[PDB]
Each structure stands twice: as C-alpha cells, then as structure tokens.
Amino acid sequence: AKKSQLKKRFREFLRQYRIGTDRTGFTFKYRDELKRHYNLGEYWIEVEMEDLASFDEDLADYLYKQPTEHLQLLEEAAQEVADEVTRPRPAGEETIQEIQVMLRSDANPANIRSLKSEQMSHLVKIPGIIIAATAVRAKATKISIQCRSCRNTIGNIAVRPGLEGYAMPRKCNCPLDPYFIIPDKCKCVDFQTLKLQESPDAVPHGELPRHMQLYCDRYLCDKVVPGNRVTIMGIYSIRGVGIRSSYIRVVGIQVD
Amino acid sequence: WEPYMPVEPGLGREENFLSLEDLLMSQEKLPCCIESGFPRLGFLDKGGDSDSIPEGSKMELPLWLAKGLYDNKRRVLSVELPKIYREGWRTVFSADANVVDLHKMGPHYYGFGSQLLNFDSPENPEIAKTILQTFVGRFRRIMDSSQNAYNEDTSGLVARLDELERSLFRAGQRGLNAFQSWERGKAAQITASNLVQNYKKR
Amino acid sequence: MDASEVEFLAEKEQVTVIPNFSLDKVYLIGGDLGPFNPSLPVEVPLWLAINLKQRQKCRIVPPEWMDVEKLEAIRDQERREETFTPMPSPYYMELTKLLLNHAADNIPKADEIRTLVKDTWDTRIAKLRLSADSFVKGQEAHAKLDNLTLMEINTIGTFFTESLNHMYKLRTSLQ
Amino acid sequence: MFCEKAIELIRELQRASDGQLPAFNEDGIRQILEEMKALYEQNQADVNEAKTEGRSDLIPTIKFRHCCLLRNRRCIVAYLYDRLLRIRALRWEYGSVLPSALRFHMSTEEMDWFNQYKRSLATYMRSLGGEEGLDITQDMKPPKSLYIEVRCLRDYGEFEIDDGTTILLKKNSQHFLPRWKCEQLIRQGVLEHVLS
Amino acid sequence: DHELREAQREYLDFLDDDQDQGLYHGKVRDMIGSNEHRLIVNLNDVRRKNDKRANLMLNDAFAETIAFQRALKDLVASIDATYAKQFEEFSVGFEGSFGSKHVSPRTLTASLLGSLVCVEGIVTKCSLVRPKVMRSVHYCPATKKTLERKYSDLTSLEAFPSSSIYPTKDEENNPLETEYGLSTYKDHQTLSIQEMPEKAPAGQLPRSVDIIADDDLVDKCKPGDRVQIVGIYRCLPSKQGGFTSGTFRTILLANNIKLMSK
Ligand SMILES: [Zn+2]
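Those sequence lines, one after another, are chains D, O, N, M and B. Counting with the authors' numbering, you get residues 27 to 199, 208 to 273, 287 to 303 for the letters of the first sequence. Residue numbers for the second sequence follow the authors' numbering, so the first one is 2 and each next one is one higher. Residue numbers for the third sequence follow the authors' numbering, so the first one is 1 and each next one is one higher. Residue numbers for the fourth sequence follow the authors' numbering, so the first one is 1 and each next one is one higher. Residue numbers for the fifth sequence follow the authors' numbering, so the first one is 9 and each next one is one higher.
Honestly, I wouldn't trust all of these hints.
Derived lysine to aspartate or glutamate pairs resembling DMTMM-like cross-links, with alpha carbons at most 25 Å apart [as the list claims (entries may be wrong)]:
| # | chain 1 | residue 1 | chain 2 | residue 2 |
| --- | --- | --- | --- | --- |
| 1 | N | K137 | D | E76 |
| 2 | B | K247 | D | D303 |
| 3 | N | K109 | D | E83 |
| 4 | D | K61 | N | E13 |
| 5 | M | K63 | M | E110 |
| 6 | O | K187 | N | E82 |
Simulated DEER-style distance windows between Cβ atoms [to be verified]:
| # | chain 1 | residue 1 | chain 2 | residue 2 | range |
| --- | --- | --- | --- | --- | --- |
| 7 | N | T172 | O | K74 | 40 to 50 Å |
| 8 | B | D88 | O | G157 | 49 to 59 Å |
| 9 | N | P35 | D | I122 | 34 to 44 Å |
| 10 | O | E3 | B | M204 | 19 to 29 Å |
| 11 | B | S171 | D | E74 | 50 to 60 Å |
| 12 | N | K57 | D | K55 | 28 to 38 Å |
| 13 | B | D88 | O | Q134 | 37 to 47 Å |
Beyond 10 Å from chain D on every Cβ pair, some chain N residues (computed) [said to hold, decoys possible]:
| # | residue |
| --- | --- |
| 14 | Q56 |
| 15 | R79 |
| 16 | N101 |
| 17 | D119 |
Worth flagging that the hints you see were computed from the coordinates, not collected in a lab. We put the beta carbon where it would ideally sit given N, CA and C, even for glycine.
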C-alpha cells in the first residue's frame with residue numbers, strides 16, 4: 027500500500043537529515059535528538075516544517091492538507107527510528123515506548139475570524155490568549171472488551187485520537211450488545227481542554243472577542259495557564288440542523 | 002589542560018590536610034555529650050552562668066573537635082548520630098534513593114557519612130551499607146542526566162545532588178561537550194583559557 | 001584525553017593518493033616517502049594526504065573498506081552479536097569524518113557511507129552504556145572490553161573511572 | 001567559639017573557584033595569630049597549675065585548646081597552599097612577565113616564590129637536550145598546519161619576528177603568520193584564530 | 009495461575025512469622041481476638057524480607073493483593089477454622105514508605121493507573137453510608153430448596169457487571185422468595201480529597217480525586233480533615249447506548265485511611 031511507502035519516506039527523513047556545511051562539519055539533527063530524549067525519559071520530538079519541505083516537498087505538502095494520517099505515520103516512523111537507535115536497552119526496558127511528534131513553522135499566523143469552512147481538516151496556525159482551562163482527565167487509547175454471557179475477549183482495540191469515540195459491536199460473534215469494557219485492561223493518557231480568545235487588537239470595533247475550544251494531549255497538558263499569550267498550531271476539525292461543534296486538536300504550542 | 006588544579010577532597014574515612022572542601026565538611030556540627038566536665042570553659046555556653054561547663058551536658062560540637070577529643074575509653078566525649086543516619090531515615094533511603102534531596106539533607110552526604118565511621122558504634126556495618134547502596138542506586142540517573150543533556154539549562158537537574166554527584170555531573174557534561182564540539186569542527190581553534198577571559202572581564 | 005589527541009593518533013594511518021606534481025624520495029624520520037610521480041599512486045600518512053588535498057595537489061583514493069556492501073555487512077554483523085565485534089580499522093570514525101569532509105568529490109556515494117558508519121557507532125555506544133550500567137549494578141571488579149576503539153572509550157571515559165574510584169572507596173571502608 | 005575567622009577566610013577563597021587570585025587578607029591572619037597566642041598562654045598557665053598544685057580536672061581543657069590550635073594552623077597552611085597553586089598557573093598562562101594588575105594583588109613573599117619558580121623552570125628547560133632547551137610551555141595543542149590566519153583584538157604596538165622586522169598590531173587587522181610565532185599571543189588574548 | 013500460586017506461597021511464608029520474631033503471627037491473633045477482618049501490613053517488612061514482591065506489589069497491585077488476601081485467609085483458617093468460616097474474604101491494608109508513589113491530587117497523572125499509591129490532601133465532601141448487596145439467599149416454597157447467588161460490580165476488584173439480581177422464578181417457573189436475613193450486605197461511602205490549599209499554585213483551581221470506601225473504612229473521616237489515603241488507582245469506563253466517549257473518569261479504591269492531624 028501507499029501507507030508503507032509514506033512510512034518508509036518518513037523514516038528516511040528522520041535517519042538522513044543533516045545540518046551544517048563541509049567547511050565545519052555535519053550533525054544529524056533529529057536522530058540525535060530522538061536518542062537524547064529517549065534516554066532522558068522524555069518521549070517526544072519537535073519536528074520543524076521547513077526541514078521536512080526541504081527534504082521532500084511532497085511530504086510537507088501532504089501534512090499541511092491531510093494532517094491526521096500523515097501525522098500518525100510520522101509518529102510510527104519516529105517510534106521505529108527511536109527503537110533502532112537505542113536497540114540494546116537495559117534489562118526491563120525491552121518494550122519500546124510510543125513517541126509523540128510536535129510541529130513548528132515560521133509561517134505568518136492567521137486569525138480566528140479568518141477560519142473559513144473550507145479549511146476543515148487542515149493544519150492552521152492561530153494566535154490568541156488563554157482564558158480558561160480544565161482539570162487533567164484521562165483519555166483511553168487501547169481498550170479490551172468482553173462478552174457478558176460467553177466471556178469472549180476481543181483485546182487491543184485502538185481508539186482514534188481527539189474527541190472521537192468507538193462504536194461497540196452488536197453481534198457477539208449472548209443478547210444484543212453483550213460487550214463491556216474491562217477496567218484494568220485499558221491504557222490511558224492525559225487529557226485537557228482549553229479556551230482560546232481572540233487577540234485584543236484583532237477584535238473589530240464595537241464587538242466582543244470571539245473564542246475557540248482547544249484540545250491538548252500527553253506532553254502538551256499543563257503547559258499553559260490562563261492569562262498567557264500563545265501561538266497554536268493544530269488541526270481544525272468537528273466534534287440546529289446538521290450543525291456540528293468545531294474544536295482544534297493542538298499539536299504544538301509556543302508560549303510567548 | 003586545566004590550569005588551576007586544587008587539592009581534591011579525600012573520600013572515605015581519611016581527609017586531606019590541604020583540601021578546602023574537607024576543611025568545610027568537618028565544620029558541620031554533630032550531637033555530643035560532655036562525659037567529663039570542661040572546667041573554666043563555661044564561657045563558651047552563653048546561657049550557662051558558671052565559668053565551668055558541668056558534667057553531663059550536651060552540645061553540638063563541630064566534627065573536627067569531636068574527632069580530636071574522642072577516645073575509645075569514652076571518658077571525655079560521646080557521639081550521637083545525626084537524624085539522617087538513624088534507622089528511620091535509613092529505611093526511607095532503602096525505599097527509593099532517587100526521590101530524596103541530598104542537597105538539603107547535607108551538602109556532603111557520602112563524606113560525612115564515611116567520617117561518622119571514625120567514632121565506634123554498633124550500627125557502622127549498617128551505615129556503610131546504606132551509603133554504598135544509595136550511591137549504587139543513584140548512579141544510573143546521574144549518568145543518564147549528564148550524558149544526554151545538550152544546550153539546556155542544567156540548574157534543574159543539579160538542584161537535588163550533593164557535591165560528589167555534582168562533580169560527576171560536571172565530568173559527564175565536559176565529556177559530552179568535547180565530542181559534540183569535535184564533530185562540529187570547533188575543536189581545531191587555538192583559544193585562550195577560561196582564566197584569561199575571566200581576568201579580562203574584571 | 002581530549003578528542004583532538006585521539007584524532008592526532010588517527011592521522012598516522014596509510015592512505016593512497018595520486019599526486020599531480022613530481023618529487024623524488026623524501027627521507028622522513030618515521031619512514032621513507034615513495035617517489036612522487038604524477039598520475040601514479042603513492043602511499044602517504046593521512047595528515048600528509050589531508051594537507052595535499054587542502055592545497056590542491058593530489059586526489060585521495062578511498063580505502064578498501066569504504067564500500068556500501070561491506071559497510072552494510074559490518075552494520076548487520078554488529079546488530080547481531082551481543083558483545084563487540086572487530087572493525088575494519090581502529091580509527092574508523094576519525095577516518096570517515098576526515099576523508100568525507102575534506103575530499104568528497106573523489107569518494108563516491110559518501111552520504112550512504114556516512115549514514116551506515118553512524119548506525120554502527122550508535123549501536124556500539126548503546127552496548128558500551130549497557131556495559132557500564134551492568135558493571136556498576138553488579139559491583140564487579142573486572143570487565144573484558146574487546147574490539148573497542150579509542151574514541152568510543154573517550155566518549156565515556158573520565159566519568160566511568162572516577163565513578164568506579166568513588167564506588168571502590170565507599171565499598172571498602174570498614175576493612 | 002573559635003576558628004570562625006579561619007573558616008571565613010577559607011570560605012572567601014572557596015567562593016572564587018575559577019582561579020582569580022584575590023587580594024591578600026592580612027587582618028584575618030593577624031587576628032588568628034593573636035587568638036592562637038592567647039590560647040597558648042592560657043593553656044600553659046593551666047598546665048602549670050595542674051602540674052604543681054595538683055588539679056587533674058584541667059586535662060580536657062588542655063586537649064580542647066590544643067585541638068583548637070591545631071585547627072587554626074591547618075586553616076592557615078591550606079590558605080597559603082591554595083594561593084600558591086593559583087599563583088603557579090600565572091607562569092604557564094600569562095607568559096613570563098606578570099601583568100601589573102595581577103602583581104598588585106600579590107604579596108612580597110609570594111612574588112619571591114614566583115621568581116624562584118620561574119628561575120627553576122628556566123633552568124630545567126635549558127637542561128633538556130643540547131644548546132637551548134625544549135620550551136615545554138609552548139606547543140600545548142596537537143599541530144595541524146604551519147601557517148594560520150589571525151586577527152588582532154587590541155593595539156599591542158609592534159610585534160617583532162626573528163627576521164628583524166616588526167608588525168604593526170592594530171585592531172581589526174589580519175596577517176598570515178606561521179603558527180609557532182603566534183600561539184602565545186593567541187593564548188594571552190591579543191590575537192584570534194580565524195578559520196575559513 | 010502459576011505466578012499467582014508462587015505469590016500465594018511466598019505471602020503465606022511471609023505471614024507465618026512464627027519461628028522468626030513473632031510479629032505478623034501475633035498480629036493475626038490480635039485481629040482474630042478483636043473480631044476484625046482487615047490486617048494492616050507494613051511493606052517495609054516485605055521489602056526487607058522479599059524485595060521482589062514489594063516492588064511487584066507497588067507496580068501491579070491487583071493480582072498481588074488478591075494473592076495476599078488468599079494467603080491471609082489460609083493462615084486464619086489454620087489459626088481458627090470457625091472464625092475463617094464466619095467471614096467469606098479477608099482484607100489487607102498497607103502502610104510504610106512507598107518511594108515515588110507518595111503523590112498529591114495534582115501529581116497523580118494517568119501513568120500511575122493500577123499502582124498502589126498514597127495520596128495526601130484535605131477532605132471536602134462525604135456521602136451517606138448506604139448498604140450494598142454481595143450474596144442473596146433465595147428459597148422456593150414449593151420444592152423446599154434454598155438457592156444462592158453472588159453479585160459483583162465495576163467498582164470492586166475482580167470487576168464484573170452482574171445482572172439478573174434477585175431472581176424470582178426457578179427453572180420450572182416455581183415461585184421464589186428472598187430471605188433478607190440470610191443475605192450478606194456491606195456498607196458503601198464515597199469521598200473527595202483536595203490538594204492542600206497552602207501548596208496549590210496561585211490562580212489555578214485546586215485539583216481533586218474521588219475515592220471509594222467500603223466495610224470498616226466508612227465513617228473514618230469528616231470534611232475538613234488532613235488525611236492520607238492508600239489504595240489502588242483505576243479508571244471507570246463509561247458506556248452511553250452503543251457508544252463510548254473514551255474520556256473515562258478515574259477513581260481511587262481505598263484500603264487504608266489514616267488521619268494526620270488527629
Ligand atoms: Zn457471548
């Protein structure tokens with residue numbers, strides 16, 4: 027499939043990107059950073075967007091327009107590269123941890139009032155000021171279900187990231211809907227929701243500022259407190288007749 | 002090539018006569034009891050009205066004085082262990098050694114703990130074991146923090162480390178920066194020493 | 001021992017250059033330099049090759065081991081054995097860095113060579129870290145570090161030895 | 001109690017870890033000496049009183065005062081030795097002639113020690129090999145090329161080479177001199193190595 | 009399970025401290041004499057005698073807790089059979105030093121799920137002590153037969169959603185009558201702990217954690233108390249219709265409640 031080719035291209039980007047000139051020397055930037063972060067205990071990296079464009083313009087162009095699948099492939103590639111760089115791990119740490127990839131770019135920021143409906147499921151960069159936050163709750167990623175009658179088990183079910191659930195099966199494969215989630219067989223991550231307010235100068239005359247709901251996950255939680263000026267990079271998505292609430296899956300924060 | 006080379010402190014039960022750090026570690030006070038009174042020395046105790054310290058009083062004498070006046074006969078002075086080295090804190094250390102703050106417990110933990118072995122006690126075989134196991138348990142995190150930290154503020158990583166561990170952190174950080182500067186081709190420059198630049202700052 | 005001194009010990013290996021100038025035999029203190037005939041190979045120490053290339057007076061011939069297939073075989077072998085493995089040269093990293101930085105228009109497929117050497121280096125460094133951790137955890141007194149180059153030792157040295165000294169001092173105190 | 005001044009003096013040195021020889025502290029040493037003399041006199045008086053009049057209870061006080069005297073000697077010895085260690089490096093970094101700024105912070109005895117150390121070092125250098133000896137101070141880094149590009153950082157009058165011709169060292173000027181003639185100037189801070 | 013069998017053997021060996029200093033042999037006798045069914049086990053002793061079990065309990069509380077409870081039941085049955093017959097299952101509570109598990113409601117992240125923790129805070133609200141059903145004993149007048157059934161829920165260890173509560177018909181549709189006096193009931197209370205007001209960062213609201221008490225752990229503290237709860241940390245899955253939102257809430261089962269101020 028094309029997914030394997032895209033994953034291989036992302037792995038090649040991670041393993042082969044270098045910075046510097048032959049007059050001084052060359053240093054691999056993302057492989058070294060991945061090794062250092064994984065050894066330190068922080069499982070994340072900050073991948074710029076101009077670097078990916080310079081390596082492969084098509085790959086960067088597929089991240090500015092279909093961020094979901096391409097970001098998932100990039101995270102899997104980062105996990106594989108991090109696993110191969112630190113292959114002989116000490117006893118007890120054989121299992122490889124999952125890596126979270128954060129994005130950054132130097133583009134001119136947009137406005138909250140400029141977000142049209144055409145730019146849905148696209149990477150956006152909007153500034154603002156945080157005015158609210160919520161308690162750090164839990165969000166599941168891997169779940170296992172079990173039948174109530176015949177106690178059949180279907181494990182390792184994956185749940186999509188963001189404010190999206192998982193429709194449970196009806197047929198038992208034992209009445210209708212016999213499946214319940216096993217409590218202890220669930221892997222969870224951190225989870226927080228913020229509220230971004232339009233900048234005090236971009237607000238037009240004689241009008242109250244507008245707001246926008248944000249979503250933060252894993253290492254992005256507990257990074258911004260109310261009253262901070264931030265620049266947010268995230269995926270515009272949806273959570287009256289046909290009206291749907293829209294939020295922003297945050298994949299990068301630059302506190303000012 | 003380091004120009005200035007001060008005398009290294011001596012780890013274990015023996016100090017160095019010319020070591021400055023060992024000259025400050027022994028300054029730390031240790032609980033003591035005056036088994037035989039010190040006549041004409043009562044002026045040391047401001048609260049005491051008599052000119053002679055009475056027999057049986059308890060004072061927190063410095064480590065150097067306790068070492069000097071100590072005798073196995075225990076007829077001039079007796080030594081009580083500090084709180085950090087008794088069983089209550091030893092069990093906590095045995096629980097997990099990476100969570101404690103060995104900079105507030107004592108700036109010199111290993112050195113003072115080893116110096117405590119000079120005074121005879123029935124708990125020395127346990128104090129030595131506790132110190133050794135603490136070092137063994139805290140080595141790995143120090144190594145990982147020192148090696149894998151490039152161009153980042155290290156004040157957050159050395160805020161819970163005593164002086165020996167801080168020296169090990171400096172060694173690791175200088176062993177990493179040398180390789181990183183070599184790979185980037187900045188190790189081929191003839192540069193002035195840090196002492197010259199610091200003097201120029203003045 | 002800083003990395004510059006380790007490079008200084010790696011600047012005495014033998015490499016083949018093809019000069020353009022003409023010169024007769026030179027009697028150096030460390031050996032006899034072969035006659036310099038244009039368009040004729042003459043083996044010289046690596047420092048001389050680097051100087052000649054920087055002065056535009058030669059054309060460095062890549063070493064034998066600097067091939068994609070051989071390097072892939074070495075990398076696959078390294079990622080297979082638990083302990084260290086023999087290397088094509090005792091100064092492979094310094095040789096690779098110097099040759100690929102100072103003469104890359106002569107060496108073909110430099111990028112893949114630099115990518116494979118880095119993988120082998122990363123695996124060996126991870127093995128060394130495991131060795132250090134196991135040494136300290138087990139409170140051992142001896143370790144057999146075979147087939148380990150000088151730069152990889154320099155990476156972790158002056159930290160391993162001092163830690164071991166302090167551990168030994170704390171390990172025999174009641175005695 | 002006692003030894004407070006000595007420990008403060010030691011702390012003063014320990015504050016400036018990276019060399020940087022500070023001004024000599026004379027008043028502290030004077031006060032320590034006076035305290036030691038007073039302790040010695042009182043100790044001797046107590047010793048005589050216990051000797052002739054039979055007062056066996058004074059022995060622990062004698063031990064206490066003797067320990068205090070020993071600590072006071074130890075602190076002064078360490079303080080002097082550390083300053084000697086700091087002074088020694090000036091010979092290996094700032095050439096042979098000491099700048100007046102560093103000299104102003106040095107005591108006369110320390111200056112005599114520095115001169116004697118310099119003479120002994122020069123004699124050892126000359127003793128090595130035939131004719132003029134091998135200067136150990138120079139060649140402190142592995143060599144890589146004969147000629148290096150350098151740039152001045154301050155005015156230093158004119159610097160002469162063995163050929164008999166001087167070079168006008170003006171700020172922001174570059175010369176393609178050989179390496180062995182500029183290494184000391186680079187290390188002193190008068191030149192800067194310019195790489196391509 | 010072989011691992012559970014090994015854990016049970018090791019815990020039974022640990023509890024039978026008879027030929028050693030008789031600490032936990034005396035404690036079991038004291039518990040039996042005082043008519044209790046919960047033993048407070050200090051894990052410093054477990055770490056001193058068997059470090060592997062101490063660490064495994066700190067990192068995997070569920071199976072180790074089950075094994076320890078079964079070993080305690082076996083030891084009690086050895087000491088006195090009738091007392092072991094009175095109580096269906098015995099409980100174990102822990103104390104001592106936990107290491108990196110000494111957390112607060114703010115530092116209780118989602119990576120500690122399933123780990124034995126020890127939370128410090130101040131109580132804010134407490135519910136009412138209502139009973140809960142464990143075992144119901146039915147009787148059929150027609151056939152003179154006595155039926156029995158066991159129940160469980162999702163807020164207990166070995167969680168399982170059990171339905172068909174209080175059956176009323178037999179296999180042949182015979183009428184069934186519930187004997188309330190023969191059934192077994194237990195208490196239930198729900199509390200909330202809050203991070204200490206003095207150690208809370210300014211501006212931001214303080215954090216909270218909901219805990220579950222049962223049996224003798226009910227009515228042990230009142231709002232406004234400085235407590236130190238010890239127990240397993242777990243998630244409560246939520247299902248709406250045929251859909252699961254995925255944002256489950258977190259609960260803290262409790263096995264030892266200790267006051268601080270007293
Ligand atoms: Zn079923």
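The hints, checked one at a time:
1. Of the supplied pair hints, the one linking N:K137 and D:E76 is violated, its CA atoms being roughly 44 Å apart against a limit of 25 Å.
2. With a CA separation close to 40 Å, the supplied pair B:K247 and D:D303 exceeds the 25 Å bound.
3. At roughly 23 Å between alpha-carbon atoms, N:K109 and D:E83 fall within 25 Å of each other, so this suggested pair holds.
4. Taken as a hint, the D:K61 and N:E13 pair is broken in the structure, with Cα atoms around 32 Å apart against an allowance of 25 Å.
5. The hinted pair formed by M:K63 and M:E110 fails the criterion: a straight-line CA distance of about 34 Å is larger than 25 Å.
6. In summary, the hint linking O:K187 to N:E82 is not supported, as the alpha carbons are separated by about 35 Å, beyond the 25 Å threshold.
7. Distance hint check: the CB atoms of N:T172 and O:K74 are about 28 Å apart, inconsistent with the given range 40 to 50 Å.
8. Our hint of 49 to 59 Å for B:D88 and O:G157 holds, since their Cβ atoms are close to 56 Å apart.
9. At roughly 58 Å, the beta carbons of N:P35 and D:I122 sit outside the given window of 34 to 44 Å.
10. For the pair O:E3 and B:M204, the supplied restraint of 19 to 29 Å is violated, since their beta-carbon distance comes to about 48 Å.
11. Here the CB-CB span from B:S171 to D:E74 is close to 55 Å, well matched to the stated 50 to 60 Å.
12. At about 35 Å, the CB distance of N:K57 to D:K55 agrees with the hint of 28 to 38 Å.
13. The beta-carbon spacing between B:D88 and O:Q134, approximately 41 Å, falls within the hinted interval of 37 to 47 Å.
14. With a cut of 10 Å on Cβ distances, N:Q56 stays outside the contact zone with chain D, its closest approach being about 16 Å.
15. A beta-carbon of chain D comes within 10 Å of the beta-carbon of N:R79; the shortest separation is about 7 Å.
16. Against chain D, the non-interface label of N:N101 is violated: not every CB pair exceeds 10 Å, the least being about 5 Å.
17. In this structure N:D119 is not separated from chain D by more than 10 Å, as the shortest Cβ-Cβ distance comes to only about 8 Å.
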